[PDB]
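We begin with a single chain expressed as structure tokens, specifically the form deposited without the partner chain.
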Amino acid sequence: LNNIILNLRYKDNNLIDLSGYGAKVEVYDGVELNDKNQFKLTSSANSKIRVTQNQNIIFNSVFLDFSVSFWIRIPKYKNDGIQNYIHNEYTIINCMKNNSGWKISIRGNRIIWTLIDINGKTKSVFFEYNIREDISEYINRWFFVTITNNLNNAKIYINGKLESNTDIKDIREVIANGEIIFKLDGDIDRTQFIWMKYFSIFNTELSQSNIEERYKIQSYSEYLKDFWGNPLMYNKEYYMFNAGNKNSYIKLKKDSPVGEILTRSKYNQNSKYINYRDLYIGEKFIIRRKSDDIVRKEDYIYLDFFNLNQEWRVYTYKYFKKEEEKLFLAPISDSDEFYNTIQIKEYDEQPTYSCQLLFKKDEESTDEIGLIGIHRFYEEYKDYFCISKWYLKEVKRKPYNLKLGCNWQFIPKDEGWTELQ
């Protein structure tokens, strides 16, 4: 909102400063830029942005009082290049003049903020996310960063919450109105890249409150999101993730038109530096419109999947007495003994990449059959892709329960997540 001295935003096929201070912004040819305000820095020498701050109005203060915010998406390590990922630090944003200033740096799974004052004194603060989680909230997924500086503290906030704090009471004058160079710099593979959006600078130390608000505003969209935080799309192959059953995936049971639930395979080598669960497993689903290709809250869809090259569909049986029942997975058909219409929902009021899938009788029927989920059926105990009436009450309970088994995320293949072995 207020105190914004740089505000890099997409406009008319270009990246511009909308702060009102009219910084000069030069995007070189190697930066990929789109109207979702996303830009990509690659390993190419022409993949850079030069921002020249207006030297007159912006001023270096005696003591630090300034903040930087942006969204970032950092690809997964390569399994065959773990050590290079762990060890090789590369600058992504550099803002120096007369050997003083600031930079943003990455070393594998660590993001690093660094200050150098006019006397050559340096201080750093970093945020590092775990690379041994079954399912990471951070790896190759859009998240929100804010760094704040005053005379006492450099802090990093992730997704609105304080993560790191360095004492910088020994830091004196920092020259912070130098050229800002957005460019990958250091010992990086040909393949390395970074995505960023909504890069902004403030001439104050932002409050936690101010940052949390910014997180929510910038999180907002009418459209739903995929697992990576990109817009959810019609007519796109997606694997399915369950936020309440993180390690579970859907597979058509052999010679039976139901979806059994199996346990995700993991990274199969012994390498004690990393661990992850495979994401590109289970049926390949695809969302179709019932009636752009962006999925919005309240849209009516078919949830389909590929059985070899045939396109099958997810149904609920019209007659079900129990609280929970298995879904029917079968060819596209008009049969009036099964509901085929789903309304995609977003019941969470906080930022999320999860959505819910609500079965209805038709597009105008006010009645609600239930939400798609996972349930343990006693036959042997065994988990199945299901519909459940039970979620209908749960989804109204505030605050919204993040870990309900009715919470789904859609995972497309992405160049920033490889898991071949």
Second form
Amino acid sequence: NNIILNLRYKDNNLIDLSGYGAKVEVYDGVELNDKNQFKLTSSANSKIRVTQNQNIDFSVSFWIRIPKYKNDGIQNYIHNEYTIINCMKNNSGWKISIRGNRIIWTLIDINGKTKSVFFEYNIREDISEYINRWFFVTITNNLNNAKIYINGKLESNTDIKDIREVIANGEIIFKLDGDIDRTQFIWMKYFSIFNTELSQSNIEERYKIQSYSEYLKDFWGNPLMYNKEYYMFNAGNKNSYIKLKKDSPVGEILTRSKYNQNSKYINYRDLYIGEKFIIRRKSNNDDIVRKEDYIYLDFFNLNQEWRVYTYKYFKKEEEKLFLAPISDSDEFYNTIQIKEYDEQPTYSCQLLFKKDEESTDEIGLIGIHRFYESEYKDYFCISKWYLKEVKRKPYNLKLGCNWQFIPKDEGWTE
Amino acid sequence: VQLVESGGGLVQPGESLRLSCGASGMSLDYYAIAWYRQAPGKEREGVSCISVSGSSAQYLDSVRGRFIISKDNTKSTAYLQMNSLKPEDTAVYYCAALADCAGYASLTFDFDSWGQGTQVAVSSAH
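What would the structure be for the form solved in complex with the partner chain, given that what you showed me was the form deposited without the partner chain?
Starting with the chain above, the whole complex follows.
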């Protein structure tokens, strides 16, 4: 539907599914997976060449994941612009590139005139929605304007009445090109090209369609996995994390440490902290965690895998979760069903405790709550109150029962 | 609630040693047991893992056929039987109690900083 290039993963390769059969050359340095993700690295052989058929107002869309700046190389990050995708014929065409937290789209007509349009994301947020996380880019061009959309929403709109005819016949090269660091890479997914200027409506629909999966995602946007170490993030308490309380079978809530060095330009909260959790299947064939799956939520206490429990019979709306070694106790529940109450794209998920798989009886959802001692302290909890709230439309992203799982990732160092 | 290694020792190539992984405070009836070893200052590596049921075992390729992992629920201890020992087996051995063997080898236990472990060294007299 107005699509003239559709790069998708087939048979360990990248193929044009547009119907026009552009040829696609995937060199040895490009890592590929069956989640349609490909990685461009610093290597000379990390490159993709596609040749458009010549017998063919335009738009480019794709998902991208850009690693975090190194806390050592901020100056290079802010100043060294580098190409990722270039499309030049007779010194004319287009090009996407990155300089730090800025992704930029440039045009250059037949005379060599230039305009550009960028999206820059914040590099001082405690928790960022963009840094090293999958997000959706769409770039549209017509007679007068170049617009950039991020996750379906308009972010930039530069005027280009100056810029006229530009050539898009040329070969499209996917390749990191500039004064990049050795460790620089970029992940990309679902690259497409359209012979029309997409509307905000089309772009937002594509965003929802390409977000949908049967499975849950991790904090980074990748599929959520069984048997993999995760730190836990709460979207209703962004700067808080869970820690097993010394000499008590409960998880206390603490405040995240932050970046603690001398840079005017950057700030973030630490992500690799709190207990190392891990999800285990409750069996009834890949390691992907799907919506409505029944799971055990565990964590590592020294060299012991412990488990997250709830009392079967507690009085109030809320009760502190019970953290303890793996064992069968008919005083506690241990089975969790992982949910997705959000209709809209999110990397949040929710955690429901139930009596049994077959029972429609719901105990409550995992969240964070203030409790009174003798003072007032947050604890890792279950609450019955979440049960009605998650049914409300539109879904409430800021609820404490929204959790995200953060595995160690090479795009994020702290 | 402690999970402690013992049975390490110093031996000659070809000889045998038996590590035990003793659980206190809890019971291994629900636990899959993994062994790891770390030589100074090489990369730490997964050595073996036995399932909760005890009917399935996994081995590092370089120890298969020499090492036998087992688990005795009634004693709450699991074992690494090490036969035909070689110099390359020299390491500090650590154990962990897991829900499941899946993914065991890439778990990031900070044994160096809080591990106890048991020392195994193999060297000939010639």
